[PDB]
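One chain comes next, on its own, written out as structure tokens in the form deposited without the ligand.
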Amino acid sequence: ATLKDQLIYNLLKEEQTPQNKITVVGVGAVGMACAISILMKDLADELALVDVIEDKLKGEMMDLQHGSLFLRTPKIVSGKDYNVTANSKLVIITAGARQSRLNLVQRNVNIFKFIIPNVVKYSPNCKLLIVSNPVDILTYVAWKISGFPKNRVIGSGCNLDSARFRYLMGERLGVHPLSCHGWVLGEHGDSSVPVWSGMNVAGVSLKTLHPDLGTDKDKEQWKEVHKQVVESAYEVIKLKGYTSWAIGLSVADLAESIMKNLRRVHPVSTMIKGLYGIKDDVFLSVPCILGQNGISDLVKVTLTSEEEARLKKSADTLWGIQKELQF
């Protein structure tokens, strides 16, 4: 017999559906950062990568595979064909077209019209995590095309924005970001909302201590912290050409909550119809409880009139683009 048969006696060839599988779609900088972070946090028992550039895809797969001795994810697969993604619990979408606003979103619609039905065909029960920008519109697109219930379509939304905010808050106060609490909500990008009323260390509200916090009268101009959050991508892109590591870590944190059913609260993009006077089918970031069935619950943050008006404006602008899209 073979050396394998001389060395190993088989009790059963009988294999099983992979039980904790993750797919990442897109193997650019963002997708590969998501992949390595997922691998180093031992979240999946099988990882699949899909992209349309076949050589790059195979090379990235192989490079990860060659690290297998130092990982605990025993199977890594890839291919242009979505059959490699079958029975994924979670599918992370990072592919898309990069930038006209309506035309750009329509180009990503046409891309998602190929990707999403493929994903659904092979993992009809998966959760979808949309990272591709503009994430709030593209989470809607994914939801529309998939037919999935709202709970199973999640946008990375303001998760990273909020992490950057807490990083920056930590530097100002000299405290680890883990102990600096603060939420950036709404539309990911220039119109996101820093919720001053919820910023705290050890349950001590900064706004109560410093009533002018986040206003034009603030002697310390904490508004600049939010400006830095919305500028951060630009600044990093100007310096290294793209952003990758921070988004990969933040996405892995979201995957952890879903795959381990933790029901931690994260600021991610979900369908907000019914809240803040919004009546259109639009997705925006609010704090959501994340777990095994995706977004089961959301936190009803108390917002001021101005903060609600900002979320409503974003919603109006997003709906205006969305009604003009062709599915």
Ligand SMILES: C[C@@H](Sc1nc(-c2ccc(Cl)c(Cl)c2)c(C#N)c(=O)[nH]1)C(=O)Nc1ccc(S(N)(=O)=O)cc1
Second form
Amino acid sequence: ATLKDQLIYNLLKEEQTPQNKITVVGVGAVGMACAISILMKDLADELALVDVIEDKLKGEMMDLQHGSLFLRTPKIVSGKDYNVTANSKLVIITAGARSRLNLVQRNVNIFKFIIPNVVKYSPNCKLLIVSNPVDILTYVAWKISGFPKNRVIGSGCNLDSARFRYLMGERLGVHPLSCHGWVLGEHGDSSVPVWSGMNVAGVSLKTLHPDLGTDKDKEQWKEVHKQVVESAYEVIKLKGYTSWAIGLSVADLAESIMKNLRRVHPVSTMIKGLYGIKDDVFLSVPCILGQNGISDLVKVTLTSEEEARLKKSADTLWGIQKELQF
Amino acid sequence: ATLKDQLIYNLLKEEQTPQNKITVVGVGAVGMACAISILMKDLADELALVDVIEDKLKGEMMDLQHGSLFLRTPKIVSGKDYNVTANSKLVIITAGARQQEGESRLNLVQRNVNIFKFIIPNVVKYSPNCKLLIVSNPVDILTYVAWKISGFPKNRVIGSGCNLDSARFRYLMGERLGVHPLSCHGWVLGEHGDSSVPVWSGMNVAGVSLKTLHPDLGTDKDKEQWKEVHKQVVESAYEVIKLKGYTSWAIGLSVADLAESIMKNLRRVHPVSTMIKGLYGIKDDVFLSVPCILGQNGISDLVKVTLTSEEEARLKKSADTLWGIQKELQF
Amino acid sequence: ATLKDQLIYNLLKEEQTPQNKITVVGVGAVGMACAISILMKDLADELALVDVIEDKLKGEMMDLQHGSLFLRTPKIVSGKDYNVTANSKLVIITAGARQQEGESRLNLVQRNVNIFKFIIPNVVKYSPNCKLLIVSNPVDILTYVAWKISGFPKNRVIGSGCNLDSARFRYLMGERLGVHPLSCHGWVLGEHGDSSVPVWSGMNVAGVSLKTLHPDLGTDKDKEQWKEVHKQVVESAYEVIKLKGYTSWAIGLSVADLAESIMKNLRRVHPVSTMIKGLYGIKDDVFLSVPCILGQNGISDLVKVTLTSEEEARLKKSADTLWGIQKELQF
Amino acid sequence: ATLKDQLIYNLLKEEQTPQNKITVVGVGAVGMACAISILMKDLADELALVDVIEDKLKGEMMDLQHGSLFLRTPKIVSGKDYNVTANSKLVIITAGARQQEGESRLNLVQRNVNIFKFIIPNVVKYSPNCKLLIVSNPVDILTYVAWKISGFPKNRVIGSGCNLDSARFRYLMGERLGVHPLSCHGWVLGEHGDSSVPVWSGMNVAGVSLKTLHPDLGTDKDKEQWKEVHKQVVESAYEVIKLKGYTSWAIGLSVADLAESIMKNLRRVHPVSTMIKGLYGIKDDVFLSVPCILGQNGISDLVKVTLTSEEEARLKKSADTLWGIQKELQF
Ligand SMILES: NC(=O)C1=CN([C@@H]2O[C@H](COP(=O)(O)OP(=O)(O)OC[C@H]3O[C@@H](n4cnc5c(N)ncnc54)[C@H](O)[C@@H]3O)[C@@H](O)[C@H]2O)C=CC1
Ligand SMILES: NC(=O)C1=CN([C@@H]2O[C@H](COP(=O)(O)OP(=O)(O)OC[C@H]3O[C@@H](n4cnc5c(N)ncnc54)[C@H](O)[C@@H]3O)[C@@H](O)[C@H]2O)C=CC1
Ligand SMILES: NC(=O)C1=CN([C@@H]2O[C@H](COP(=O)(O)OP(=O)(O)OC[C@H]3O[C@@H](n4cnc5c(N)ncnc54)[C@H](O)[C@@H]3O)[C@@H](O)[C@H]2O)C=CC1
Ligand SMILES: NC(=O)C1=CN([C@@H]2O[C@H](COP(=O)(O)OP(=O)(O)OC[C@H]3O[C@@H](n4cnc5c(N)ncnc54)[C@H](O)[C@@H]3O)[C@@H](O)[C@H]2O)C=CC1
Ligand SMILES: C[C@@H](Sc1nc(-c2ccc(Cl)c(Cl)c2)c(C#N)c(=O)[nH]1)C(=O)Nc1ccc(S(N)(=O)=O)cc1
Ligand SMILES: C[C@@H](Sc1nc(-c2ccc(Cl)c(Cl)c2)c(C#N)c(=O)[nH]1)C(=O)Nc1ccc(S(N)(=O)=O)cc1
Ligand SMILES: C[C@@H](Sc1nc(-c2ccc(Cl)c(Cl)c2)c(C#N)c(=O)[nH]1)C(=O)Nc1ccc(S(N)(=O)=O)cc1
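Could you present the same protein in the form solved in complex with the ligand, rather than the form deposited without the ligand shown above?
Next comes the full complex, and the chain you just saw is listed first.
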């Protein structure tokens, strides 16, 4: 018989449906950073990669597979066909392009193909949307998939808040893990730094320093949030794109989802009902993440100005959204 | 009183050196895969990055920094100037030209040797007690070059070598046998390149010799053509390069595997590029992979593999080929 | 208008079924060491503890829970009633009675049978599809007992067997050679404890066979007395018990390693106790350790190790002894 | 030659000191919990254990060693003689007496002072530059004793203090809110144990102050009696002890978390016991818990929490009480 059969006696020939499977759709810079970060955190027992560029997709799969000895994810697969994504617990969408409106429409056209395919093979997965513009595309994925809002999550301001805490820790000489602060609302340009919640060891910086984040602030802490916004552009300008930070951010979200941790993360969720907002829009607020996606959200007390900014974002997003062609 | 002063009382200042600093030279596809892997393995308390392309360097540094919340490495720095690398315990060199589709790693010698002539003395100046881990291709030749230029004892000059080839081999073995690569044991030695040598005589699962079970294993007569598995290992980089343009993730993980053994003084055995003079009647100062014990002083010991007459001939051929190249280098 | 409602808006209250649940039955030193190791390796999303000693049980649960901030297992439960164990992927049995001075093997085994007669039906009731991992001694016999009572297929009943014996062997081997145990390979098979069998032919570093280098290895003509390494594997277990009263840490770590392969579907090879009828020469329903492929279905395959005449005879004798005892048991 | 010499060619003999060494003094339930958690977090390249009970010490050491295959800490040692602790970066003291029937609390305190009178000089002798982490109770008093005896600067003497109390508080908060403790923020400061102070103003999720949302929080008029949460923090300490006889897992995990920040120079903030003279009107040499930045040189900075008059008066009362005891201790 074969060497295998001489070496190994078989008790039974499998095979179970995937138990802890994650799919990443789009193997560009962001998708692959998510993939490697998820692999090194041992979050999945099966990883599937999808893309439309077939040679790239195969080469990325093979590169990862060659590192199998150093990982604890025993099955890595890829394909243009969504059959490879069947029974995923979590499906991460990083596909797309990176004026504006026509760009949104290009990514919407992409989602019109991707989302139905995802749902067909994993009708009960959680969807985590990373593609930009992320808040708008999370709404698009929600409408197309027909999923309940708990199962559709935008990476949203998780990255923005990580940047903010990195910058805060640099200023204070404290690890980011111990520097707490929340950036909410729209990802990117219009995000909102919640000054009232910035604290170390529960000590409110705003209470110590009333001018915190105002124009008159002798220390111009507002510049920290300015950097949060601008640093996103600077990284793209410097290396051409961003990958590592978003990959790590996404793996953190995936960790709460896959392990049912119920930690709180600022991610994009359907916010209709809050802050005078009455349109189907997705904005980041702090959400409890677990095996059922977003099960709960924190109602952050916002100032008048902060609420106004979220409202303005909602209006803008809805304005774009009600013109999109599905 | 500033906000910081209101919030935090300082007991004492003055800086201290990092305990476990790693530098990566070259922030291209390979350097950054090494960086992320090392970061996610929590091996370093400081990571330094160096490159000659200043915008790319700063951008890569910043991208990693923005991921700090999710890491356990509190300081990430970068610069074109090697002062950013001072006091490194381990310095990983990934800079230089890579082989294009259909090009041999051996075609990169002039380019990369010349780059090493600038890099290595700079590294040594700022971290005279570091271990050097060479990744740039052709890796065996460049380990020899790094060793010669640095003036380090050879224990502290390590080539990533066949750790990756052996990983690939065990991956493919595991796919054939239906076993995780961790449980499939098999060694690929010699050149990290076309002349590498699969040690059929040592392949096993649970200590059961595959060659004993299957005498034709690895030969031309083999009905299961296991030699094709080694051919796949040889061709793997070329195939991945044809498909995605370069290789990155597997070598990044391989390097982090080696870094872990060194930084944590594990004394695990890995096939890495080192001087093999004195083994198998080889008299030249040739570098290529054999199994080595890796720890805090780098390579402390070599494991002497018993090769068949056929395996030993192939290894000697690999050594002959590589020494033909090394010997013509001028320093 | 409770603080919770002011603070948190609930989107839905649904389902909430554990996806990666593990139960430990028995919270003595072994059970709790398995528990802490499993927690620190992030293997489970829910951990359940069962024992008949209620105060001890609640105390252990609370002590683990108070450490929740430092763990990534969000739900830890306990109870004397098996409803707490519902929907476990893996159920680890460390419960049983300790042998009394002068008590016969049969009397001790029978008491454990009687204990398993209460435990196993309750486990099966609540997790009909779980894998069972038996740790309780005598482990080879009690693995058989759990298989008989549960009615589970062979693949889902696993004895920790010689997993710990082999880890001890590799520690001792590593110490002699100055190599990390990860890189020292060697297999102790058959009966856990006194009658275990060291497979000298498989002992190697980097695929280099120690027996081939040193043909007297393991014999009485061996001037280096490598046989003493296996004698230490056997004696070290008793020595630890005499010194600290019990063993806990090493068994905890070994069980966590098995749980990792099972929970993550790794298909790594481990030396564990499995129903060995029809193989290695044996015709009775007995469980002994051989290298087994472990993953999400428990033991899906096993490795057929080539044994010397002596090694084979030792396994056969163990099988004869085990069946001699088992055939007298009252179920 | 020997088998070892046939198998392995040595390049280097010269060994080097362990570079990230941790010692645990006292191998009771607390000490061994600290040990296993530190081992499973890969914080140390060498672990030393010290106790006065020789058989127990050796057995614990061996049990850990036997688990080496599953660990990344290549050297574990033990001894009654403190030479085994030489060159430790961090030394964790969990050694203590047990109060006896009829014994006064002050008498028990002095018996632990007498224990430290022997331990601390020995630790200082072999690791004059280490950080001391005091866990032994009464922890705040004994941290002062260790500081006084050692002559170390305040940054290198750290009491476990309210690290555990705070972890318990966050666990309980998390249960009430249905949120992971990692995302539930709240600080218990001052004295470890009975007289600890829950800082209501700092309790939050996502930076949303519970005290602002719910002004009655932490008062007797609290319709939800959140004060009961802190009551459970103190009460649960006694309940675990009553139920299982001692506490181990939670303290061990909390100590490993502190060790992680120190060994990896993270500069995270933890509630630990430190010299507070000069704060809150306190003018005596007393150690109480406040949030401290922990890194390579121990406590480099502390956070100056804004406290209510009532909260400030509790710490002052605690300091007066502790000083009154300390001035009467016999050194
Ligand atoms: N939410 C956030 O914080 C961040 C979001 N991003 C976004 O992530 C997206 C990707 O970024 P990059 O990876 O740098 O772009 P990229 O161009 O390198 O990769 C995109 C990949 O999507 C693939 N793709 C295109 N159409 C597809 C389809 N119909 N099905 C499957 N795959 C398809 C492309 O072939 C390409 O490989 C962009 O939208 C970018 O703006 C980037 C950084 C941060
Ligand atoms: N040992 C192994 O198994 C593998 C080795 N490699 C080798 O690694 C090397 C790098 O590959 P990639 O990162 O894909 O190339 P890359 O082109 O993406 O990056 C190379 C980087 O080296 C930098 N560099 C060039 N000269 C420099 C100097 N004097 N100082 C500092 N930096 C300098 C470049 O600016 C560039 O950023 C190649 O030689 C490649 O063949 C690649 C894969 C595997
Ligand atoms: N397979 C191996 O390599 C090793 C196996 N062991 C075995 O593991 C077993 C446990 O060891 P220890 O924890 O030290 O003993 P232990 O006596 O400290 O703990 C046993 C626990 O089982 C509980 N128990 C008894 N009857 C029960 C029932 N009907 N249901 C639930 N729980 C019950 C006891 O109350 C006790 O808490 C022993 O049989 C020991 O020999 C120990 C070391 C190694
Ligand atoms: N700070 C905290 O949050 C907590 C502190 N603790 C304290 O930790 C200490 C230890 O707790 P357990 O491990 O349960 O006590 P234990 O009595 O079980 O173990 C104490 C060990 O200290 C050893 N020891 C006594 N004198 C010694 C000496 N001169 N040199 C070396 N070792 C010596 C004993 O021999 C014994 O092995 C106690 O003081 C306890 O109160 C306990 C729980 C929490
Ligand atoms: C900081 C830039 S960096 C950046 N931005 C974009 C981007 C974002 C939004 C739009 Cl509308 C367009 Cl056209 C491009 C792309 C891309 N692609 C990219 O690769 N990088 C960014 O992400 N801006 C941003 C603005 C609004 C939204 S939202 N609230 O409408 O969802 C999302 C993102
Ligand atoms: C090394 C001791 S340490 C030890 N051994 C025992 C033990 C083991 C077997 C028997 Cl038959 C008895 Cl009566 C006691 C107990 C217990 N209880 C204990 O607490 N510690 C041991 O586990 N021996 C052992 C012998 C035979 C078997 S088997 N092949 O029959 O399953 C399993 C183990
Ligand atoms: C909740 C008990 S649980 C407990 N408490 C004690 C204990 C604590 C304090 C004293 Cl003064 C005495 Cl005599 C015993 C022991 C012990 N041993 C034990 O094993 N468990 C506790 O730890 N109390 C405690 C009180 C005061 C201090 S302080 N601020 O004066 O240092 C520290 C701890």
